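The data below hold one chain only, encoded as structure tokens and taken in the form deposited without the named molecule.
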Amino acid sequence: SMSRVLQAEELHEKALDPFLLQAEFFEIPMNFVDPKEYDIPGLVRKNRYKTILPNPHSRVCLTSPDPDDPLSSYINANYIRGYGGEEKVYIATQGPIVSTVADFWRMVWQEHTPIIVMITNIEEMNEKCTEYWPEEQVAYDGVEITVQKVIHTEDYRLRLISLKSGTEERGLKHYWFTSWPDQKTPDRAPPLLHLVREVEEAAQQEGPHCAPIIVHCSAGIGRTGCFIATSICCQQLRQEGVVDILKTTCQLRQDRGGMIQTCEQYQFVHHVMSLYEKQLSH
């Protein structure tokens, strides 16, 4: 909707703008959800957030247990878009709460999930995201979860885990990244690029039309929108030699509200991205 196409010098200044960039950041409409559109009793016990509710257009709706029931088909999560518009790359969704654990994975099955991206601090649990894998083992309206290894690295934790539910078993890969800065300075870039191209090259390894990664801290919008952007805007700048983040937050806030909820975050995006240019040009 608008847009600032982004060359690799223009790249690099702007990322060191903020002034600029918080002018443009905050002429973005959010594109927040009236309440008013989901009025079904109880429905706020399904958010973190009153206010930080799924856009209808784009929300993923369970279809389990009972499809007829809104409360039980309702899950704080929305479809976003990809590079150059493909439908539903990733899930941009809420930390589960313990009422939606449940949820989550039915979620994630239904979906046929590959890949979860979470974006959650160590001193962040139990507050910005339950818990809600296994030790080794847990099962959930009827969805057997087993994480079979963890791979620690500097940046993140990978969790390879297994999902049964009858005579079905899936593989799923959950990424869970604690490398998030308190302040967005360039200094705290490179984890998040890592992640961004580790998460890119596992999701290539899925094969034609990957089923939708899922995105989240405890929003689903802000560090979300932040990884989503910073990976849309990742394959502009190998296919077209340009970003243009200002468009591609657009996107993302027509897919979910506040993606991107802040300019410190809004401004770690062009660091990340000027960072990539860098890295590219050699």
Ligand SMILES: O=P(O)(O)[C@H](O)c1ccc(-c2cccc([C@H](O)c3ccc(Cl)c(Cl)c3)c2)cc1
Second form
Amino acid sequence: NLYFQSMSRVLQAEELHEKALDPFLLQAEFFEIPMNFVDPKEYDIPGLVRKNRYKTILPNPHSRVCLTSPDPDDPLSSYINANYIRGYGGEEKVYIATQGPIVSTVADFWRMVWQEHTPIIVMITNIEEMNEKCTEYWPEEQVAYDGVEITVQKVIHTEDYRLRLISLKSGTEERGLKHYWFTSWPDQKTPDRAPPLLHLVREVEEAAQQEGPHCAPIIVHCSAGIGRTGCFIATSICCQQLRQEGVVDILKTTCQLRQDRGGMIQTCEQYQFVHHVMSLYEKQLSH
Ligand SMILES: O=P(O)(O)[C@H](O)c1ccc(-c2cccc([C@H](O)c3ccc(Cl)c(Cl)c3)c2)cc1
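I would like to compare: after the form deposited without the named molecule, may I see the structure of the form solved in complex with the named molecule?
Complete assembly follows, chain above in first position.
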């Protein structure tokens, strides 16, 4: 209700199951939601172009992650294409949604990880997309970016994701980081492709809980940081809503996401996929 009027459709199990399989209603509902995209002219900062994968997919100013070191007063140094994202119940800064780093933003991305104390990164890029959708921003073993030693301590190979256990060191303080590289993102978002995404969501929220009180923001990224990123975060919020309230409101969750970052859940097929994932989870909980 701050940047646009929020919409809601509270779904119980039966309606959730049926809604997932009604593409005609899904498209009518989806295309009524404002994208809440930022006018590109909002960001006329010299050199900004080089920091963006897509010139029209920009962070909404009110929720933008600003890089406060080494110059908070420099519009370029402080810029990253990223937004703080509210979680379930409107909890502030549960996630940060960001574009997949490009060659020129690899160091900015690690500046953001350190500033935010981020304990978990969720990367939604398939292996054959590693060309123009994400740069390999992590090292094979070790790399230093702006006084911070990043060490890949272990690679855990699973069916649907690669988990990297990363160490971050600067001076005397050392931090842990979990990097979830999901490699099972489907082109055809049929119900049979929903289980790996659901598994990833469950694993990440459990790892988030294990960080203990006041978990620092969880970074989530895909190419533009809105489509797949939007799905992941909406699914994560709705799983907590279903467990707490016994209902799901994908519509209201999508509206809340869009208020934080324009275009979250970019396509109708992504919107339906979220319904397939939530319908699947509801059946699993029911046992
Ligand atoms: O960004 P999106 O809007 O979602 C857009 O639809 C979209 C979704 C996926 C892809 C994509 C990219 C590379 C390789 C593949 C593989 O063909 C593949 C991999 C894993 C699985 Cl599990 C499957 Cl089924 C199929 C798919 C491209 C574009």
